[PDB]
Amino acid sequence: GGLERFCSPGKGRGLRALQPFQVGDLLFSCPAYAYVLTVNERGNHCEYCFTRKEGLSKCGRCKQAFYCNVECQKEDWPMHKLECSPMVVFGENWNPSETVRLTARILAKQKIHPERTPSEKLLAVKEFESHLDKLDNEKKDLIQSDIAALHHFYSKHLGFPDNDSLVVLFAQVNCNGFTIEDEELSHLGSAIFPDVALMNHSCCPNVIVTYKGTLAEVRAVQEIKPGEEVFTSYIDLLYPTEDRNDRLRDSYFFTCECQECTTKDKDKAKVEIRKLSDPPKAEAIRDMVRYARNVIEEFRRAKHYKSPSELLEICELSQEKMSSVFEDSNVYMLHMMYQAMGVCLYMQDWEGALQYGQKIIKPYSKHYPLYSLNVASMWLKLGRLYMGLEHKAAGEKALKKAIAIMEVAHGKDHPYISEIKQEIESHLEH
């Protein structure tokens, strides 16, 4: 559109604006080059168009793929053929990672479509940065076993290029891949959007990437002047600059140097220390931060095998131990609270979930930017929890605060905004 590919010094390739864009303006949308629905969302969402419905039909062989109707099934078949039969043959042992699943889809799409797609207008998949020189042995070994898994499960319908070519491609996916989220930032699947991948990172982004099914769309969250580069955020903005740049060095191989990262303006309020008699020493804070970043990692591993009680305990005991130094507005406090809310939501313990939600909504607003999907998503969860617990007045308020951010982020007309407005109306009469 009114945009340009250029060389951003120290940032590689980037997107710059040829015209002014106001807050909420659509920069462009980009269709998905390749995409997959997560194993867990099978049945809830159409495998093809990513539409959440309760009346889906399944395949007459695998029974593991679900579609709106015949039309969605035929259109998805070239991609689904890759698994339908292997899911029957390997049955119990069918466990390729979502990266493998996605990479398969890319390789299939390259074979049936060697020419530049309408998804690669400025950046091509084959032009993706790979950072092969910066990868340690661990990552190279992960990639290697990804290749074997792909050979294992996908040999019956795909023809593989040489090993060294797949190494490049897998590195490209880990560096340019997108995850698709729904309203409540729930993980729907993985996808490639080559044109959106062109945008660089700021922890002060001027755009937001949103989704309308399998279509990605990019809207301005700040006034963009002609000549300015267009930035999204690759990461969750809640965390301190060090926690942020730790993730950026490890997954994308750079240190961010935007205004936020250079001045650390919001770092103090994020790691809020309890103001009290005998102010905790720099050593006791350094210890608790390490404990926090540590227990977060512990929890991430635990939530894949531990029971809800065990996970609730982790959240409770860590909250307790951190309480001695950290306020409730502290980011590491919010995290464990947010996790505990996840486990309450799993256990149909709606009242519990709501309490955690109330205790984390305000600090969220202070820590995130004004237009932030995390905030809107939290508002939405609160709105539906309130609304289901007979709190219609607080529910509507929370739902309207969601719409306020989403109108700018998703666009006034987004099917998500229709749903929310419809959830509001379902409780009133006029």
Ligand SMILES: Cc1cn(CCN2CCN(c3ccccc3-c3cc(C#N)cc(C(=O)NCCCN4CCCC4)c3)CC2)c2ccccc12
Given for the second form:
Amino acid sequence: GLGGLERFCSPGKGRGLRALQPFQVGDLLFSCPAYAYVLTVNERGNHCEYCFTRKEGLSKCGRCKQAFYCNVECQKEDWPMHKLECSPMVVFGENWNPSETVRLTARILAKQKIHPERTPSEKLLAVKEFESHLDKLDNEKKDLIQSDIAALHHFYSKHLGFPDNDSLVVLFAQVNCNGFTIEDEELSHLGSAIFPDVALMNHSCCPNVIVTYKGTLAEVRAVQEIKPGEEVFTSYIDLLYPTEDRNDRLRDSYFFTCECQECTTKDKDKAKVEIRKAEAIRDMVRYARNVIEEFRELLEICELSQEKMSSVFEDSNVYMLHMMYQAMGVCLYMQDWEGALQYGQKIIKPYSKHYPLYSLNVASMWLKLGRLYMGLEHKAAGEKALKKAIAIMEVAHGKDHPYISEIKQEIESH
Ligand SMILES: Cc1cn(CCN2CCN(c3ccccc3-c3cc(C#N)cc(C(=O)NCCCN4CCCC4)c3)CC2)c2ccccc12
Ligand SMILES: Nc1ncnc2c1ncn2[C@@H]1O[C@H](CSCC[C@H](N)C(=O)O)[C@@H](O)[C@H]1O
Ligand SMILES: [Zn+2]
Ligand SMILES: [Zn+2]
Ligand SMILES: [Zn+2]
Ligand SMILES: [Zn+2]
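Coords for the form deposited with the ligand bound, given the form deposited without the ligand:
Starting with the chain above, the whole complex follows.
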């Protein structure tokens, strides 16, 4: 088990995690080593495949030239998993395209073969026990799973053979319902992983813990006081958006509707959809929500949307903020640093009011802003922004987190 915590039956939520003892803000509840994990293709060469350390001068796999490592030991330790892809990448070349979900699922299957017994990743919840919601899958989801199975068979048969279709339908469903993305300090996608004990926690829009990552290790820290017997809740989703938007995503992705305090009262809905006629507002919300999914030179789509929404929506409106954030990202890709800074400066204050006290989204925006300032020679403003990020991260990531050490070095180097 896990010290100070227990698995229990949470009414209407299946299994959950319950506190045996109190936890205060910032306390580490537990840490969970990844059961299986994969570095995203676009981050190859930036992070070690084995331990996810971000550093320059990584060593390259001599066989495939498409995996990178801290050293020969990280390389050796990753081989049981990397061998699933090493030769196939060479053989298939530009015709190697398994989805990240397929890549992760292959690693689960490999791990099951070499380590059938319960792992240190499964102290309270085992991978084989994962919820699948099999009976709730529509044709779209079932078709996607069949595509994933076809790709698994085609790309990974050398080490995995051709696993039974029925058993793979269940497993792919489980991976979708329980998989985690690993993100860096700016919430940029690093890869995907299975953290079985972390997956036990149910969702709230007023979560009492935040999950962060230290390489491939998941860490769970309190962001509210937790009393004996209280359920431990994490957020599955971006908390910026209004109640209907949040629950549409929870229904589609996780087959539940949230009944937390934020969802019951809808307290923050008004401030999120701040107006500067009822039918005009509803038509604008419908438009904004549709336009977001369309994105889900792209600046035009953002600029036109902002102008159109400006007629009804104030600047602090979450739909306005969303577009500003997307525009900022595009400017960051084009390397229009001044453009991205202008958007970031407009985002940060209203953005910080919509999120909870400790939010990774807010910390990451402060970091982006801080690094833009530093790059554009605004060192005083950069230092202040980076310190704002650190204040949140000390609670969420722990005071001793490598990210905090790095950010402090950025303050000292500038
Ligand atoms: C049965 C079924 C559900 N789907 C939909 C699933 N989709 C979302 C998940 N996807 C992933 C899949 C693998 C690994 C990670 C992810 C992933 C994506 C995002 C995002 N963007 C965010 C996160 C993340 O870490 N979210 C934070 C909370 C994670 N907790 C929640 C509970 C424990 C983990 C995790 C695949 C697509 C299907 C779709 C098709 C067929 C069946 C199904
Ligand atoms: N706030 C909530 N209300 C209802 N169900 C929830 C919930 N948060 C999580 N869940 C359930 O938990 C799943 C995610 S995995 C979390 C552990 C799960 N309760 C289990 O027994 O294995 C979701 O698909 C949903 O079925
Ligand atoms: Zn390494
Ligand atoms: Zn290789
Ligand atoms: Zn909720
Ligand atoms: Zn609350």
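Here, rigid core means the biggest group of C-alpha atoms that superpose within 1.5 Å across both forms. Residues that one form lacks are left out of the comparison. Positions refer to the first chain, counted from 1.
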Moved residue between the two forms - picked from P114, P161, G91, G227, where its Cα shifts 2 angstroms or more relative to the rigid core: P161
Angstrom displacement of the CA atom of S418 between the two forms, core fixed: 0.2
After superposing on the core, C-alpha shift for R290 between the two forms in angstrom: 1.3
